[PDB]
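A single chain, nothing else alongside it, follows as C-alpha coordinates in the form solved without its partner chain.
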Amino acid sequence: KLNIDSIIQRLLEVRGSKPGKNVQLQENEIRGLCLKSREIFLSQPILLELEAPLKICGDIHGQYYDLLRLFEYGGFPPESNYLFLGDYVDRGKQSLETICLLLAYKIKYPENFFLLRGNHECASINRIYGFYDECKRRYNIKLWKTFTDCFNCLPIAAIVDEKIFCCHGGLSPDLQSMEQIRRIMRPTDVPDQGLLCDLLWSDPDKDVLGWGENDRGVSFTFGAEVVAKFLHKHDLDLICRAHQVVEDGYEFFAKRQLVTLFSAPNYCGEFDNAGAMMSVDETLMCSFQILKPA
(Lines of atoms letter the chains of each structure in order from A and count residues from 1; the text may use other names and numbers.)
(Lines give C-alpha, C1' and ligand atoms only; values in the text may rest on other atoms or scores of the structure.)
(Ligands and ions follow the chains in the order given, each with its own letter.)
Protein backbone atom coordinates (compact mmCIF):
# COMPACT_ATOMS: atom_id res chain seq x y z
CA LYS A 1 0.00 0.00 0.00
CA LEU A 2 2.74 2.46 1.01
CA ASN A 3 4.58 3.98 -1.97
CA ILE A 4 7.98 4.64 -0.36
CA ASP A 5 9.78 5.60 -3.59
CA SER A 6 7.20 8.31 -4.32
CA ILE A 7 7.38 9.61 -0.74
CA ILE A 8 11.20 9.85 -0.80
CA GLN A 9 11.18 11.49 -4.24
CA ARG A 10 8.82 14.26 -3.09
CA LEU A 11 10.86 14.76 0.10
CA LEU A 12 14.06 15.05 -1.98
CA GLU A 13 12.40 17.21 -4.68
CA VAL A 14 13.02 20.37 -2.60
CA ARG A 15 16.81 19.80 -2.60
CA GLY A 16 18.87 22.91 -3.41
CA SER A 17 15.97 25.22 -2.52
CA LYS A 18 16.13 28.04 0.00
CA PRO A 19 15.42 26.60 3.49
CA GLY A 20 11.79 26.92 4.66
CA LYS A 21 9.95 25.37 1.70
CA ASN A 22 7.71 22.54 2.88
CA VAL A 23 6.92 19.13 1.43
CA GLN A 24 3.21 18.36 1.82
CA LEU A 25 2.84 14.60 2.23
CA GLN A 26 -0.66 13.24 2.84
CA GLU A 27 -1.78 12.29 6.34
CA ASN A 28 -2.32 8.62 5.41
CA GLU A 29 1.26 8.45 4.04
CA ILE A 30 2.87 9.92 7.18
CA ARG A 31 0.74 7.56 9.28
CA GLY A 32 1.95 4.72 7.02
CA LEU A 33 5.60 5.67 7.68
CA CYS A 34 4.97 5.58 11.45
CA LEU A 35 3.21 2.20 11.48
CA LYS A 36 5.66 0.42 9.16
CA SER A 37 8.83 1.82 10.77
CA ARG A 38 7.39 0.91 14.19
CA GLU A 39 7.10 -2.74 13.06
CA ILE A 40 10.73 -2.72 11.91
CA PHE A 41 11.94 -1.14 15.18
CA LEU A 42 10.18 -3.85 17.22
CA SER A 43 11.52 -6.59 14.89
CA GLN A 44 15.13 -5.45 15.40
CA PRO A 45 17.06 -5.49 18.70
CA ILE A 46 16.89 -2.62 21.20
CA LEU A 47 20.69 -2.76 21.48
CA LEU A 48 21.89 -2.66 17.88
CA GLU A 49 25.01 -4.53 16.77
CA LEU A 50 26.36 -2.82 13.66
CA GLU A 51 29.33 -3.19 11.31
CA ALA A 52 31.44 -0.55 9.50
CA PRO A 53 31.52 1.16 7.08
CA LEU A 54 29.07 3.59 8.75
CA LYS A 55 28.29 7.33 8.98
CA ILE A 56 27.23 8.55 12.45
CA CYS A 57 25.26 11.78 13.04
CA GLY A 58 24.09 13.65 16.16
CA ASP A 59 21.19 16.06 16.82
CA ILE A 60 19.18 17.40 13.84
CA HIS A 61 16.22 19.12 15.57
CA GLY A 62 13.97 19.73 12.57
CA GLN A 63 16.62 21.53 10.52
CA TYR A 64 15.52 19.68 7.40
CA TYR A 65 17.78 21.47 4.93
CA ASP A 66 20.76 20.60 7.12
CA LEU A 67 19.65 16.92 7.05
CA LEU A 68 19.63 17.17 3.24
CA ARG A 69 23.10 18.74 3.54
CA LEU A 70 24.42 15.86 5.64
CA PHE A 71 23.32 13.43 2.92
CA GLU A 72 24.97 15.42 0.11
CA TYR A 73 28.23 15.36 2.13
CA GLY A 74 27.90 11.77 3.39
CA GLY A 75 26.15 10.26 0.37
CA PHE A 76 22.44 9.56 -0.04
CA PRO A 77 21.26 6.08 1.03
CA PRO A 78 22.13 3.47 0.05
CA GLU A 79 25.52 4.88 -1.07
CA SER A 80 26.45 5.08 2.63
CA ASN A 81 25.14 3.41 5.79
CA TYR A 82 23.83 5.66 8.58
CA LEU A 83 23.40 5.68 12.33
CA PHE A 84 21.56 8.67 13.83
CA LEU A 85 21.76 9.25 17.58
CA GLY A 86 18.34 10.86 18.24
CA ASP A 87 16.72 14.30 18.67
CA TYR A 88 15.17 14.49 15.22
CA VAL A 89 12.35 16.82 16.23
CA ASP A 90 11.71 20.04 18.21
CA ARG A 91 13.22 23.54 17.98
CA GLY A 92 13.63 23.61 14.19
CA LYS A 93 10.89 24.70 11.80
CA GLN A 94 10.62 21.45 9.80
CA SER A 95 10.50 18.48 12.20
CA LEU A 96 7.93 16.76 9.98
CA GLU A 97 10.07 16.66 6.83
CA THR A 98 13.05 15.63 8.95
CA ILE A 99 11.47 12.65 10.71
CA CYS A 100 9.56 11.60 7.56
CA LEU A 101 12.70 11.24 5.41
CA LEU A 102 14.46 9.36 8.21
CA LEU A 103 11.52 6.95 8.62
CA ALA A 104 11.21 6.59 4.84
CA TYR A 105 14.88 5.62 4.53
CA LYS A 106 14.50 3.20 7.49
CA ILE A 107 11.64 1.40 5.72
CA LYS A 108 13.48 1.51 2.37
CA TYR A 109 16.86 0.32 3.74
CA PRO A 110 16.14 -1.40 7.08
CA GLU A 111 19.51 -3.23 7.22
CA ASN A 112 21.59 -0.17 6.23
CA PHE A 113 19.90 2.75 8.03
CA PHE A 114 19.49 3.09 11.79
CA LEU A 115 17.85 5.54 14.21
CA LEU A 116 18.36 5.72 17.98
CA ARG A 117 16.00 7.33 20.48
CA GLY A 118 16.89 10.79 21.82
CA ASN A 119 15.28 12.49 24.83
CA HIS A 120 13.09 14.55 22.45
CA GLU A 121 11.54 11.36 21.06
CA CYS A 122 9.18 11.42 24.06
CA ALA A 123 5.69 12.95 24.12
CA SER A 124 6.30 14.88 27.36
CA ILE A 125 9.27 16.71 25.84
CA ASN A 126 8.16 17.20 22.22
CA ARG A 127 4.79 18.54 23.39
CA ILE A 128 6.66 21.57 24.77
CA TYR A 129 9.50 22.24 22.33
CA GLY A 130 7.70 22.47 18.98
CA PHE A 131 6.76 19.12 17.45
CA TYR A 132 3.23 19.01 18.87
CA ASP A 133 2.69 22.59 17.64
CA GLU A 134 4.01 21.70 14.18
CA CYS A 135 1.78 18.60 13.93
CA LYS A 136 -1.24 20.66 15.01
CA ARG A 137 -0.56 23.52 12.57
CA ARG A 138 0.09 21.29 9.55
CA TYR A 139 -2.05 18.19 10.27
CA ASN A 140 -3.73 17.19 13.57
CA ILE A 141 -3.11 16.01 17.14
CA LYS A 142 -3.96 12.38 16.26
CA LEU A 143 -0.98 12.29 13.88
CA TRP A 144 1.29 13.53 16.68
CA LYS A 145 0.03 10.65 18.88
CA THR A 146 0.88 8.21 16.07
CA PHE A 147 4.46 9.56 16.09
CA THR A 148 4.57 8.99 19.87
CA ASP A 149 3.64 5.31 19.48
CA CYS A 150 6.42 5.02 16.87
CA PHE A 151 9.01 6.85 19.01
CA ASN A 152 8.23 4.61 22.01
CA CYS A 153 9.59 1.66 19.96
CA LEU A 154 12.93 3.20 18.83
CA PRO A 155 16.14 1.36 19.83
CA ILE A 156 18.21 2.81 22.66
CA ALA A 157 21.86 2.04 21.86
CA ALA A 158 24.21 0.55 19.31
CA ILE A 159 27.58 -1.18 19.46
CA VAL A 160 29.65 -0.81 16.30
CA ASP A 161 32.18 -3.60 15.55
CA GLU A 162 32.25 -4.60 19.24
CA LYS A 163 34.19 -1.38 20.00
CA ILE A 164 32.04 1.78 19.78
CA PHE A 165 29.12 2.22 22.23
CA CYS A 166 26.54 4.63 20.82
CA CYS A 167 23.65 6.32 22.63
CA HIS A 168 22.04 9.76 22.67
CA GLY A 169 22.94 10.98 26.16
CA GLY A 170 25.49 8.90 28.06
CA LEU A 171 26.24 6.33 30.73
CA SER A 172 24.14 5.30 33.72
CA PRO A 173 25.09 4.43 37.33
CA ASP A 174 22.70 1.48 36.85
CA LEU A 175 24.53 0.22 33.73
CA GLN A 176 26.53 -2.82 34.89
CA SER A 177 25.77 -5.17 31.98
CA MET A 178 24.66 -4.78 28.34
CA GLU A 179 21.97 -7.38 29.05
CA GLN A 180 20.19 -4.70 31.11
CA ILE A 181 19.74 -2.59 27.96
CA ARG A 182 18.53 -5.66 26.04
CA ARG A 183 15.88 -6.27 28.76
CA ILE A 184 14.30 -2.80 28.42
CA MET A 185 10.72 -3.38 27.28
CA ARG A 186 9.14 -1.54 24.31
CA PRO A 187 6.92 0.24 23.76
CA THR A 188 7.60 2.49 26.75
CA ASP A 189 7.67 6.18 27.58
CA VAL A 190 10.96 7.52 28.96
CA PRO A 191 10.86 7.50 32.78
CA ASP A 192 12.02 10.35 35.05
CA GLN A 193 14.71 8.10 36.61
CA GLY A 194 16.66 4.92 35.88
CA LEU A 195 18.66 3.28 33.12
CA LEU A 196 16.58 4.38 30.09
CA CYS A 197 16.48 7.96 31.40
CA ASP A 198 20.26 8.14 31.92
CA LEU A 199 21.01 6.71 28.47
CA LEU A 200 19.04 9.60 26.89
CA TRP A 201 19.83 12.44 29.36
CA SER A 202 23.27 12.23 31.04
CA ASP A 203 26.29 14.40 30.13
CA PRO A 204 30.05 14.12 30.55
CA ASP A 205 31.68 16.70 32.84
CA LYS A 206 35.39 17.54 33.24
CA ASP A 207 34.98 19.04 36.73
CA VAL A 208 33.26 15.91 38.11
CA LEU A 209 35.34 12.88 39.10
CA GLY A 210 32.70 10.17 39.60
CA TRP A 211 28.97 10.82 39.33
CA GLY A 212 27.40 14.23 40.05
CA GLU A 213 24.16 16.20 39.72
CA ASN A 214 23.07 17.33 36.25
CA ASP A 215 22.09 20.98 35.74
CA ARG A 216 19.20 19.79 33.53
CA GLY A 217 17.36 18.67 36.69
CA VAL A 218 17.32 15.06 35.53
CA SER A 219 19.84 12.20 35.36
CA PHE A 220 23.55 12.68 36.24
CA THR A 221 26.89 13.99 34.99
CA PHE A 222 29.90 11.66 34.66
CA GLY A 223 33.68 12.15 34.75
CA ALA A 224 36.58 10.79 32.70
CA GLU A 225 37.39 7.96 35.14
CA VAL A 226 33.83 6.64 34.82
CA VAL A 227 34.38 6.55 31.04
CA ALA A 228 37.75 4.80 31.47
CA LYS A 229 36.30 2.09 33.74
CA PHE A 230 33.30 1.51 31.45
CA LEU A 231 35.49 1.00 28.36
CA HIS A 232 37.85 -1.36 30.22
CA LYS A 233 35.03 -3.38 31.81
CA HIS A 234 33.20 -3.98 28.51
CA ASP A 235 36.31 -4.04 26.28
CA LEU A 236 35.31 -1.03 24.17
CA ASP A 237 37.46 1.72 22.58
CA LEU A 238 35.02 4.64 22.30
CA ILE A 239 31.75 6.12 23.54
CA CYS A 240 29.99 8.02 20.76
CA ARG A 241 27.15 10.31 21.89
CA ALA A 242 25.32 13.57 21.10
CA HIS A 243 22.85 15.59 23.24
CA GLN A 244 25.05 18.73 23.57
CA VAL A 245 25.87 21.56 21.16
CA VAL A 246 29.61 21.66 20.41
CA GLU A 247 31.25 24.52 18.53
CA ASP A 248 33.30 22.43 16.08
CA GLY A 249 30.53 19.87 15.42
CA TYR A 250 32.47 17.24 17.36
CA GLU A 251 34.43 17.26 20.60
CA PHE A 252 36.56 14.64 22.34
CA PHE A 253 36.48 13.96 26.08
CA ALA A 254 38.70 11.92 28.44
CA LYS A 255 41.73 11.65 26.13
CA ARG A 256 39.69 10.65 23.05
CA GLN A 257 37.75 7.92 24.93
CA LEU A 258 34.41 9.71 24.39
CA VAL A 259 33.18 11.87 21.51
CA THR A 260 30.16 14.18 21.35
CA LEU A 261 28.61 14.63 17.86
CA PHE A 262 26.18 17.37 16.85
CA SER A 263 24.85 17.63 13.30
CA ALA A 264 22.73 20.82 13.29
CA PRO A 265 24.88 23.77 12.14
CA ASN A 266 23.84 27.21 13.43
CA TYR A 267 21.66 25.45 16.01
CA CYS A 268 18.37 27.33 16.65
CA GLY A 269 19.76 30.16 14.53
CA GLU A 270 21.42 31.32 17.76
CA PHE A 271 24.72 29.44 18.06
CA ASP A 272 27.45 29.77 15.40
CA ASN A 273 28.37 26.09 15.62
CA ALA A 274 29.41 23.73 12.86
CA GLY A 275 27.72 20.37 12.38
CA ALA A 276 29.78 17.19 12.06
CA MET A 277 29.40 13.59 10.94
CA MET A 278 31.70 10.75 12.02
CA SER A 279 32.77 8.20 9.43
CA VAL A 280 33.88 4.73 10.62
CA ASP A 281 35.69 2.47 8.11
CA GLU A 282 36.44 -1.29 7.97
CA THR A 283 39.73 -0.90 9.88
CA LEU A 284 37.82 0.85 12.70
CA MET A 285 39.39 4.23 11.91
CA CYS A 286 37.26 7.29 12.73
CA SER A 287 37.24 10.49 10.67
CA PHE A 288 35.03 13.60 10.59
CA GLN A 289 33.26 15.62 7.91
CA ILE A 290 32.50 19.19 8.94
CA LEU A 291 29.51 21.33 7.95
CA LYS A 292 30.13 25.02 8.66
CA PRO A 293 27.03 27.20 9.14
CA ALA A 294 25.77 29.07 6.05
Given for the second form:
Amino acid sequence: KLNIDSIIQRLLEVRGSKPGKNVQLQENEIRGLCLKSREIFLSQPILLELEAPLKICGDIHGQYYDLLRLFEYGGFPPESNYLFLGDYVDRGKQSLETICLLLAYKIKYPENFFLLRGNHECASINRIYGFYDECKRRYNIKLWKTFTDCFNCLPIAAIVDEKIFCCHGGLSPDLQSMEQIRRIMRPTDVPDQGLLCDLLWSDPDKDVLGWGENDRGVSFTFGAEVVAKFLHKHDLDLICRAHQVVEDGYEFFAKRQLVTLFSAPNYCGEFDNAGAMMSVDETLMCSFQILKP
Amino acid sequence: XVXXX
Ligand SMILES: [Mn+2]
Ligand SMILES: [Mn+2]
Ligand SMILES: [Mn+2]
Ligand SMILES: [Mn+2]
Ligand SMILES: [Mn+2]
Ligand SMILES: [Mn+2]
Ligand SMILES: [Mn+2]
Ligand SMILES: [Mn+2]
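Pass me the form solved in complex with its partner chain as well; I've looked at the form solved without its partner chain already.
Let us now look at the entire complex, which starts with that chain.
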Protein backbone atom coordinates (compact mmCIF):
# COMPACT_ATOMS: atom_id res chain seq x y z
CA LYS A 1 0.00 0.00 0.00
CA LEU A 2 3.01 2.22 0.82
CA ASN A 3 4.69 3.71 -2.25
CA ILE A 4 8.32 3.64 -1.03
CA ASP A 5 9.93 4.64 -4.40
CA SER A 6 7.71 7.71 -4.71
CA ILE A 7 8.47 8.85 -1.12
CA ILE A 8 12.24 8.51 -1.78
CA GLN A 9 11.83 10.39 -5.11
CA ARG A 10 9.98 13.29 -3.39
CA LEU A 11 12.62 13.41 -0.59
CA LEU A 12 15.52 13.39 -3.09
CA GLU A 13 13.82 15.97 -5.35
CA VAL A 14 15.04 18.89 -3.20
CA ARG A 15 18.71 17.97 -3.86
CA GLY A 16 20.28 21.23 -5.01
CA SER A 17 17.32 23.36 -4.00
CA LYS A 18 17.81 26.15 -1.45
CA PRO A 19 18.90 24.54 1.86
CA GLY A 20 15.93 24.65 4.22
CA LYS A 21 13.34 23.79 1.53
CA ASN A 22 10.71 21.43 2.96
CA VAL A 23 9.22 18.18 1.68
CA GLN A 24 5.66 17.87 2.98
CA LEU A 25 4.83 14.17 2.83
CA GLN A 26 1.27 13.13 3.72
CA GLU A 27 0.65 12.08 7.35
CA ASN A 28 -0.49 8.56 6.23
CA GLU A 29 2.80 8.14 4.32
CA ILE A 30 4.90 9.16 7.39
CA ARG A 31 2.85 6.76 9.60
CA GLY A 32 3.45 4.03 6.97
CA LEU A 33 7.22 4.63 7.18
CA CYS A 34 7.12 4.30 11.01
CA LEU A 35 5.01 1.16 11.15
CA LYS A 36 6.79 -0.73 8.36
CA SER A 37 10.32 0.11 9.62
CA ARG A 38 9.31 -0.88 13.19
CA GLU A 39 8.34 -4.33 11.90
CA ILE A 40 11.79 -4.71 10.23
CA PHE A 41 13.60 -3.47 13.40
CA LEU A 42 11.78 -6.11 15.47
CA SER A 43 12.61 -8.96 12.99
CA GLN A 44 16.35 -8.15 13.12
CA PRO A 45 18.62 -8.62 16.21
CA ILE A 46 18.91 -5.88 18.86
CA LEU A 47 22.68 -6.45 18.61
CA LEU A 48 23.43 -6.35 14.90
CA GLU A 49 26.15 -8.58 13.45
CA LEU A 50 27.32 -6.80 10.30
CA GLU A 51 29.95 -7.31 7.63
CA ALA A 52 32.17 -4.90 5.69
CA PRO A 53 32.25 -2.89 3.32
CA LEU A 54 30.21 -0.31 5.28
CA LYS A 55 30.03 3.48 5.72
CA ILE A 56 29.46 4.46 9.40
CA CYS A 57 27.88 7.82 10.33
CA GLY A 58 27.38 9.75 13.61
CA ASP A 59 24.86 12.43 14.75
CA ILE A 60 22.78 14.12 12.09
CA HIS A 61 20.35 16.13 14.28
CA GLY A 62 17.85 17.21 11.57
CA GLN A 63 20.41 18.86 9.23
CA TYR A 64 18.70 17.36 6.19
CA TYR A 65 20.83 19.11 3.52
CA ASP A 66 23.91 17.81 5.28
CA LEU A 67 22.51 14.23 5.19
CA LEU A 68 22.13 14.56 1.39
CA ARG A 69 25.79 15.78 1.22
CA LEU A 70 26.83 12.59 3.12
CA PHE A 71 25.04 10.43 0.52
CA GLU A 72 26.40 12.58 -2.36
CA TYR A 73 29.95 11.98 -1.00
CA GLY A 74 29.41 8.30 0.02
CA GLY A 75 27.12 6.96 -2.75
CA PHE A 76 23.30 6.98 -2.47
CA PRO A 77 21.92 3.58 -1.34
CA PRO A 78 22.21 0.78 -2.56
CA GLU A 79 25.65 1.90 -3.99
CA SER A 80 27.12 1.71 -0.47
CA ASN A 81 26.04 -0.06 2.70
CA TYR A 82 25.36 2.20 5.72
CA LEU A 83 25.29 2.10 9.52
CA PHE A 84 24.03 5.23 11.34
CA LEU A 85 24.72 5.59 15.04
CA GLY A 86 21.65 7.58 16.15
CA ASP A 87 20.67 11.20 17.00
CA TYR A 88 18.64 11.71 13.74
CA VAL A 89 16.22 14.31 15.18
CA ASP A 90 16.23 17.43 17.48
CA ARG A 91 18.39 20.63 17.17
CA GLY A 92 18.20 21.12 13.36
CA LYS A 93 15.29 22.52 11.41
CA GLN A 94 14.37 19.41 9.35
CA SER A 95 14.19 16.32 11.62
CA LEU A 96 11.06 15.23 9.64
CA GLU A 97 12.79 14.88 6.23
CA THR A 98 15.90 13.45 7.93
CA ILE A 99 14.12 10.58 9.71
CA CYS A 100 11.67 9.97 6.83
CA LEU A 101 14.60 9.44 4.38
CA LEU A 102 16.46 7.05 6.67
CA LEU A 103 13.31 5.03 7.49
CA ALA A 104 12.44 4.90 3.73
CA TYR A 105 15.94 3.46 2.96
CA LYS A 106 15.62 0.93 5.80
CA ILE A 107 12.36 -0.35 4.22
CA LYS A 108 13.76 -0.26 0.67
CA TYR A 109 17.15 -1.87 1.53
CA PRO A 110 16.64 -3.85 4.76
CA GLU A 111 19.86 -5.92 4.56
CA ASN A 112 22.09 -3.10 3.30
CA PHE A 113 20.95 -0.16 5.50
CA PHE A 114 21.15 0.01 9.30
CA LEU A 115 20.14 2.52 12.03
CA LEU A 116 21.01 2.41 15.72
CA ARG A 117 19.13 4.20 18.52
CA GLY A 118 20.61 7.36 20.02
CA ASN A 119 19.68 9.28 23.12
CA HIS A 120 17.51 11.68 21.03
CA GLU A 121 15.32 8.75 19.77
CA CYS A 122 13.59 8.92 23.14
CA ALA A 123 10.35 10.80 23.89
CA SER A 124 11.53 12.58 27.08
CA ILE A 125 14.43 14.17 25.20
CA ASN A 126 12.84 14.84 21.80
CA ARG A 127 10.00 16.64 23.65
CA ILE A 128 12.41 19.42 24.75
CA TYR A 129 15.13 19.56 22.07
CA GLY A 130 13.06 20.26 18.96
CA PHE A 131 11.32 17.22 17.42
CA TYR A 132 8.02 17.63 19.30
CA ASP A 133 7.81 21.33 18.32
CA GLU A 134 8.60 20.49 14.66
CA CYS A 135 5.82 17.86 14.55
CA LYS A 136 3.36 20.27 16.28
CA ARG A 137 4.15 22.96 13.64
CA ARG A 138 4.09 20.78 10.52
CA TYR A 139 1.74 17.85 11.35
CA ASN A 140 0.42 17.06 14.88
CA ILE A 141 1.32 15.55 18.28
CA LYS A 142 -0.26 12.16 17.49
CA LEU A 143 2.32 11.71 14.65
CA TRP A 144 5.10 12.53 17.15
CA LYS A 145 3.70 9.72 19.39
CA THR A 146 3.81 7.42 16.38
CA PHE A 147 7.53 8.11 15.85
CA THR A 148 8.01 7.35 19.54
CA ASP A 149 6.65 3.77 18.99
CA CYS A 150 9.05 3.31 16.04
CA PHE A 151 12.08 4.69 18.02
CA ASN A 152 11.35 2.27 20.91
CA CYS A 153 12.09 -0.68 18.57
CA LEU A 154 15.49 0.53 17.22
CA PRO A 155 18.50 -1.79 17.78
CA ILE A 156 21.11 -0.54 20.25
CA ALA A 157 24.50 -1.91 19.14
CA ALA A 158 26.37 -3.42 16.18
CA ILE A 159 29.56 -5.50 15.71
CA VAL A 160 31.32 -5.15 12.36
CA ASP A 161 33.18 -8.42 11.43
CA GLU A 162 33.54 -9.60 15.07
CA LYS A 163 36.03 -6.70 15.56
CA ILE A 164 34.36 -3.18 15.67
CA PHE A 165 31.80 -2.58 18.48
CA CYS A 166 29.34 0.18 17.59
CA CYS A 167 26.90 2.10 19.80
CA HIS A 168 25.67 5.73 20.24
CA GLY A 169 27.04 6.62 23.67
CA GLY A 170 29.50 4.11 25.17
CA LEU A 171 30.29 1.46 27.80
CA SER A 172 28.45 0.52 31.04
CA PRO A 173 29.74 -0.67 34.46
CA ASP A 174 26.99 -3.32 34.35
CA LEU A 175 28.21 -4.68 30.98
CA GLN A 176 29.73 -8.17 31.54
CA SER A 177 28.71 -10.03 28.33
CA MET A 178 27.15 -9.55 24.85
CA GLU A 179 24.20 -11.70 26.02
CA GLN A 180 23.09 -8.85 28.30
CA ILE A 181 22.50 -6.69 25.22
CA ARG A 182 20.69 -9.59 23.49
CA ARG A 183 18.39 -10.06 26.57
CA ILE A 184 17.01 -6.48 26.18
CA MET A 185 13.38 -6.66 25.11
CA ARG A 186 11.69 -4.30 22.67
CA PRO A 187 9.64 -2.04 22.54
CA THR A 188 11.30 -0.15 25.40
CA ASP A 189 11.30 3.50 26.35
CA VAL A 190 14.36 3.91 28.49
CA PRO A 191 12.68 4.18 31.87
CA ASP A 192 15.55 3.19 34.20
CA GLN A 193 19.24 3.91 34.68
CA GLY A 194 21.45 0.92 33.89
CA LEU A 195 22.88 -0.85 30.89
CA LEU A 196 20.58 0.41 28.15
CA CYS A 197 20.79 4.00 29.47
CA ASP A 198 24.61 3.82 29.47
CA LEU A 199 24.87 2.49 25.89
CA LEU A 200 22.86 5.59 24.84
CA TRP A 201 24.41 8.28 27.09
CA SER A 202 27.96 7.52 28.31
CA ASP A 203 31.15 9.43 27.41
CA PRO A 204 34.92 8.73 27.34
CA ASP A 205 37.00 10.94 29.64
CA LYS A 206 40.81 11.09 29.67
CA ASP A 207 40.95 12.32 33.30
CA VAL A 208 39.30 9.21 34.72
CA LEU A 209 41.09 5.88 34.39
CA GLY A 210 38.12 3.78 35.63
CA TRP A 211 34.53 5.05 35.91
CA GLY A 212 33.62 8.65 36.56
CA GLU A 213 30.79 11.11 36.98
CA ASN A 214 29.04 12.42 33.86
CA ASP A 215 28.48 16.21 33.53
CA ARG A 216 25.23 15.50 31.55
CA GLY A 217 23.46 14.45 34.79
CA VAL A 218 23.01 10.84 33.69
CA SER A 219 25.14 7.72 33.23
CA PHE A 220 28.98 7.70 33.61
CA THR A 221 32.29 8.56 32.00
CA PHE A 222 34.85 5.83 31.25
CA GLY A 223 38.66 5.89 30.99
CA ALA A 224 41.23 4.21 28.69
CA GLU A 225 41.70 1.27 31.11
CA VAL A 226 37.95 0.51 30.73
CA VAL A 227 38.13 0.54 26.91
CA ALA A 228 41.23 -1.72 26.96
CA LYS A 229 39.69 -4.36 29.29
CA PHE A 230 36.48 -4.42 27.23
CA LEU A 231 38.21 -4.85 23.87
CA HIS A 232 40.34 -7.65 25.41
CA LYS A 233 37.44 -9.51 27.07
CA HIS A 234 35.35 -9.69 23.89
CA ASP A 235 38.25 -10.07 21.40
CA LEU A 236 37.58 -6.75 19.56
CA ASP A 237 39.79 -4.11 17.91
CA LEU A 238 37.89 -0.78 18.16
CA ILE A 239 34.89 1.01 19.69
CA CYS A 240 33.06 3.19 17.19
CA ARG A 241 30.66 5.72 18.81
CA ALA A 242 29.03 9.14 18.28
CA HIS A 243 27.14 11.50 20.70
CA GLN A 244 29.80 14.25 21.18
CA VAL A 245 30.55 17.21 18.84
CA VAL A 246 34.19 17.06 17.79
CA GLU A 247 36.12 19.61 15.68
CA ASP A 248 37.29 17.41 12.77
CA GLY A 249 34.14 15.18 12.65
CA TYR A 250 36.15 12.27 13.97
CA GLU A 251 38.32 12.04 17.10
CA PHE A 252 40.37 9.23 18.66
CA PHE A 253 40.27 8.43 22.36
CA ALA A 254 42.04 6.00 24.70
CA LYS A 255 45.25 5.42 22.65
CA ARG A 256 43.24 5.04 19.39
CA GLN A 257 41.11 2.20 20.76
CA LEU A 258 37.95 4.33 20.41
CA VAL A 259 36.74 6.73 17.70
CA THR A 260 33.90 9.31 18.03
CA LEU A 261 32.07 10.21 14.80
CA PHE A 262 29.93 13.34 14.40
CA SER A 263 28.21 13.82 11.04
CA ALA A 264 26.58 17.28 11.28
CA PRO A 265 28.91 20.19 10.23
CA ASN A 266 28.49 23.59 11.90
CA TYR A 267 26.35 21.94 14.62
CA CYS A 268 23.37 24.11 15.66
CA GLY A 269 24.68 27.01 13.58
CA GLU A 270 27.06 27.61 16.52
CA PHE A 271 30.10 25.31 16.39
CA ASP A 272 32.65 25.46 13.57
CA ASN A 273 33.04 21.66 13.50
CA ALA A 274 33.41 19.43 10.49
CA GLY A 275 31.21 16.37 10.04
CA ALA A 276 32.70 12.92 9.21
CA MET A 277 31.88 9.41 8.03
CA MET A 278 33.99 6.26 8.53
CA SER A 279 34.41 3.91 5.59
CA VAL A 280 35.43 0.37 6.64
CA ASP A 281 36.56 -1.84 3.71
CA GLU A 282 36.52 -5.64 3.08
CA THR A 283 40.03 -6.14 4.55
CA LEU A 284 39.00 -4.15 7.69
CA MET A 285 40.90 -0.99 6.71
CA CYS A 286 39.30 2.23 8.00
CA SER A 287 39.26 5.66 6.29
CA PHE A 288 37.53 9.00 6.93
CA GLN A 289 35.54 11.25 4.63
CA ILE A 290 35.24 14.84 5.88
CA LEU A 291 32.27 17.15 5.31
CA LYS A 292 33.49 20.75 5.46
CA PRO A 293 31.69 23.40 7.63
CA UNK B 1 22.52 23.30 26.73
CA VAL B 2 25.01 20.00 28.92
CA UNK B 3 22.33 17.49 27.66
CA UNK B 4 25.10 18.83 24.20
CA UNK B 5 23.73 24.31 23.23
MN1 LIG C 1 14.84 25.95 -5.54
MN1 LIG D 1 -2.75 16.61 18.19
MN1 LIG E 1 29.09 -13.00 25.00
MN1 LIG F 1 23.76 14.22 19.55
MN1 LIG G 1 23.66 11.69 21.64
MN1 LIG H 1 34.24 21.66 18.58
MN1 LIG I 1 45.39 10.86 18.61
MN1 LIG J 1 44.26 9.32 24.88
